[PDB]
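Yeah, one chain of the complex is gone here, protein chain that is, but the others are all in their spots.
Should a chain be cited, it is by its letter among A, B, C, D and E, assigned in written order, with residues numbered from 1 in that chain.
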Amino acid sequence: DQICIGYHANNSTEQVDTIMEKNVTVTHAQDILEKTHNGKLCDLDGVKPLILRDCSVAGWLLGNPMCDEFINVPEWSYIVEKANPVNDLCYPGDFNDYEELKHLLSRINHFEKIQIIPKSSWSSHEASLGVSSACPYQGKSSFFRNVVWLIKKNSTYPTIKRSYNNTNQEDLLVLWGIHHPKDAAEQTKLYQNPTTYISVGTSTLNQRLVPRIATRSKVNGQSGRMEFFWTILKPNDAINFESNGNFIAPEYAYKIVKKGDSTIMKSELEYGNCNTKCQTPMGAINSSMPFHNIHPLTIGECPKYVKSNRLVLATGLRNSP
Amino acid sequence: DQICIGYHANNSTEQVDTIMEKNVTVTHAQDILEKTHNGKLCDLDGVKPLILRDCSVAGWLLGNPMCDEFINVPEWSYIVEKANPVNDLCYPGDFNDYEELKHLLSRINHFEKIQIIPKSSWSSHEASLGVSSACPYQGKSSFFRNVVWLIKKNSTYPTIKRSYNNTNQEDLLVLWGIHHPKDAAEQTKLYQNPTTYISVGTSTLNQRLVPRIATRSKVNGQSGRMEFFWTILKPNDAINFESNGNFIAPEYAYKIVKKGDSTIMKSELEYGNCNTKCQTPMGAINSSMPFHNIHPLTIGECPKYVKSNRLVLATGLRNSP
Amino acid sequence: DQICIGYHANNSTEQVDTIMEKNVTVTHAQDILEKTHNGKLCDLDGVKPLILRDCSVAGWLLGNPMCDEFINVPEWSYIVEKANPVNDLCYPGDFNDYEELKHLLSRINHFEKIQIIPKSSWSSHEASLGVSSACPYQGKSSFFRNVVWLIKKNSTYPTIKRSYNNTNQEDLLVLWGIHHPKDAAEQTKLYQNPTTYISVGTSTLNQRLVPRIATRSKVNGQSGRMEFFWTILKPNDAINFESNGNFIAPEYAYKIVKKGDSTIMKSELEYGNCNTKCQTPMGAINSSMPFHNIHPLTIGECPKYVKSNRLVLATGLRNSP
Amino acid sequence: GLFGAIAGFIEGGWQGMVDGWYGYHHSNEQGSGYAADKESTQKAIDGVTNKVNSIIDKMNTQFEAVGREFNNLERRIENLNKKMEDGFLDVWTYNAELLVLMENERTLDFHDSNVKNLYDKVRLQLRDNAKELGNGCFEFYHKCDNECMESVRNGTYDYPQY
Amino acid sequence: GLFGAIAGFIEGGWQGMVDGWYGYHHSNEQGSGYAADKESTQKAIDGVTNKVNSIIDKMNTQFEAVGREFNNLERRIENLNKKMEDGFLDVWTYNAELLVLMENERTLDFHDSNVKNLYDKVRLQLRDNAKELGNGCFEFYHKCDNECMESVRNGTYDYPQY
Partner (left out) sequence: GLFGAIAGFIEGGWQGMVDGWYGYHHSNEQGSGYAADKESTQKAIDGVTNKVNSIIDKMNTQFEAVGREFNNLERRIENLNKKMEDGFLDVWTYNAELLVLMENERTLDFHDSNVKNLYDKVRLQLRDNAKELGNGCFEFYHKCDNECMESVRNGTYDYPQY
């Protein structure tokens, strides 16, 4: 008669690594790395993302005429921009401190567009001929919808003195611009006055822009340039414009109604008609694992990203052949 | 008769954590995390800090009239500034490259204030009416004490050509400014000349400022602005000013006598009449522990900061019930 | 009769450290930290580095007359610049966005210098008197070889309108400059026109420079300054210059023929007539160790840098006295 | 393994022991079979479960990357941003993979230790009333029926009785 | 524990042994008492003391945060600065907490090992001149007075003498 001491074995083929030995077969193990995603852009926690499609953030905010889809967008969870959107600045130029603005958007979930300087209140200037073939719409020449490209009326451009007071409770994103013409002839042709400026003031801002003339290569058929600027106008503060010519005046500006968690996600994927708790630029994640290896830039309640191909913990013991 | 092998037990209730088991009672243990501070701002190694109180670094350096307490400060160990000091720029405006200057101060323990351009050497200009109600002192209008706000004398502002040569052995911090007026009338009212400039040159510097006019919101009762600039004038170099108007001239400048270990500590606490070897924004530390969890920003000979609530090492063995 | 179980011993004096005990003598051990270098700058994988010697990157690229050694340099593996090269900007001034350009060079292995605006094509301006005593060559006054310092001819400086079209397949580094004179007399003396500018345009660039006059300290015998600018001209784009005076015109510009792995290594050492697979600022490395402690900034196929003085792994067992 | 039992002096595991990690196999005139040692099995479950949660929990606070965009003349800071994000990823990847390797080694050794301690526990009861065969088994000098066998598993094997 | 002695075959510690971590308890006609094993106790003190200093020392060089201020249009680099400082804190917090957990496990196991080795050391001297009771104790076949007991603690128990 005998009694023996021994231990469990089973049909497991699960393997784990240790420092001294790789591919040790064990009776039980626990994978802790999520390796799969659904391959789609999805609603975060019910709240749909802003999918800019072929538009950029600039094209959206300035109101590029090819971006009418986003003329009034509801609140978003996150934003999705392509690596190289085709509908950026239709009329060539620059967006000043663009990257700092996009960073500002990572803390914003909802804008409310409102009118601050009506297009039909420019009685001393022509305000309906501020268009170009570089910004087409339905076959006709158009322009960034949110700003007014003002020109001379009956061969005069008198000084503009316009002020807007932020009586709203919410911070306000104000956009405007300056036009750089091809040469001296174009300057007088549009604005009459040969030497001009745009002065902009708030409680913090003290700006004075002057147009830089230069012979420039054509970009979308234009030698001229548009340089766009912005500020955040705080509650009870007023913005003050004075100009001599070359002024691209604000028409619409965005109220910042909701601030919170957001992100601009760079991706070529489109909307997935889909819902998730954790989103990445190449698809959504749905698992209880503590780790994943899909992509470092995620939003939501996510596992921690690691670069591993494999993380498996031993729970049971060494299995017998 | 028998002999037994065994091990120590005692009345200890000290507990430690391991990977497989939490709250294991042990006979002996060693805490290695300092959790307490004295709640006070203290002298570092005998050397008292500069406590700016309600003043900012700008208010101090420019000589805001409400900051006479710091008109001549002895050498410091570290500097203490509130999150939102009320006595900053009394007259509204900007301090150019302010953050880069504050960084420079982290390597400075002592300034010696000296006079470079005497206030009573401006014979061709009025140099005692450069005041404003935004910078009050004892009920009367005053101004930043370290710079001179020059205006026209008998309806003329002739060109200024003034040069200072750094004959001191020590690097010199020189401050000056430009005034931005409300409108064209104010410009001529103060300076006569309608179009003005300030040109500043050293061996490295090649500056030319021009005043930007714009309609601005009132801040402390002023539509005008003051933009302040600085440079480090090296030994044997000379600074050269030329101006047409709008010049805020240096009166006093700071010798940099001692360079070394310092820091600008952000805190709402006041002086503690107290001494320590290791200081934090919420109190001083006095322990021999290798770690602490008070605050990441410390100065002196300190333990290493960690975010833990508890670090306790087992020294003895598992204790018996 | 007996049989005993036992273990190996030998004459080893090799020691390793553990957590509980230091300097444990073991029968065998393996050092994993490379501690030695050859003390020389060497060819990387056969390909010799660019050793700028007493010249800086600016002196090289602008063509400082004391840097004729590097007038046409073959492709390099890495670049070696001293901490304080004496042949930088011979005529005092600035190199705009210099650090961003040096960063650009970390991705470049070879330039091909070509002529874009011939020196002898300036028929309306004097183009062979643009020299200074601050940039000497063989006893005579000279200037940065790659740009042309143009002055008035027969007391006139007519407007310049010159355009270069990049018909090359390769990105092009274009350099130019603006001259800042001492005073109003020097301006007219060289350029006639009292108020001048330089306007530069590409598809992306929209620049307009104006000379800043100011009384400046002498540096290498000059009160005047030269401010140098650059751009990358993409294929099929054109650069457009228009100027009134003060223009330092491009003569030569660099084709970017090879892009790849490079680095600017700061070192006082000269060439070693030598070859290696892994280079550091204080010498080359030749070992199969996984770690080294020579220097953090290396180039090539290198071991990982650590700050340790000693890394030795135990392989064998505790050795007996 | 470090403790010599698993795949050591006990050559292999038992497919037949389904109800626990460690246990006993008995063999007498009445029959034979397996029985799991509940106490030491549950000890192992608790230690390994706590370990897994400790591992997960320690990796709870960890670097999260954020999108930052830079323009064409901000290449230096763009590169700094890139090196920083990547640097932290590599550090946390290393921490994760090393923790798994190290703790996997300790988990296998832990099981080996529990088998060894169970074996010794039985050895110390039986003393010289049984032959230590050297393969995990004890051959009795007396006849050991199922009640006898049960007292060995109990811890209450009455050595003075035999 | 891994080595089976502490809270294993030796059920509990001794409040009565004040002068050391490990030792002996004897019991004969002359009386009874405790005596610490000096050598193995001092071994334990040295190992644990070196360990604590090794832990402290390794965490000597470590990230120190510095104050950097940024303006309203330097938000990107401010955020980079923030993520960098925080990132390193989390890394060092992790290192510190993990080192403590891991080494605490090894310290408890170290003590268990020292008790086991002391027990075996005595077992190998006595051999078959005593009954291994299974609870840490050895019951002698011969009468073992205080000099006899002392030779067991010595290492000089003359087995051929008994």
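Everything below uses one rule, namely that a contact is a pair of C-beta atoms (placed from the backbone, for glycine too) under 8 Å apart; a residue touches a chain by one contact, two chains touch by 3 or more.
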**Message:** Among D:31, D:134 or D:160, exactly one should touch the missing chain; which is it?
**Reply:** D:134
**Complete:** Out of E:28, E:117, E:129 or E:151, only one touches the absent chain, namely E:117
**Message:** Touching the hidden chain in the complete assembly: which of C:32, C:257 or C:274 does that?
**Reply:** C:32
**Item:** Touching residue (missing chain; options B:45, B:68 or B:100)
**Value:** B:100
**Chain not shown, touching residues in subunit B** = 97, 99-100, 103-104
**Item:** Hidden partner chain, residues of subunit E it touches
**Value:** 3, 54, 58-59, 61-63, 66, 68-70, 77, 80-81, 84, 88, 91-92, 95, 99, 109-110, 113, 116-117, 120-121, 124-125, 127
**Request:** Mind listing the subunit D residues that contact the chain we can't see here?
**Result:** 2-4, 8-9, 76-77, 79-80, 83-84, 87, 90-91, 93-94, 97-98, 101, 131-132, 134
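The rule is simple: only the chains that are shown with their structure count from here on.
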**Message:** Considering only chains that satisfy the touch condition with subunit D, which of them also satisfy it with subunit E?
**Reply:** A, B, C
**Asked** Using the average of all C-alpha atoms in each chain as its centre, how far is it in Å between subunit A and subunit B?
**Response** 36
**Fill in**
Distance in whole angstrom between the CA centres of subunit A and subunit D is 52
**Fill in**
By the touch definition above, subunit C meets two or more other chains at residues none
**Request:** For subunit E, jot down the residues that touch at least 2 other chains.
**Result:** 48, 55, 74, 76, 79, 90, 93, 97, 101, 103
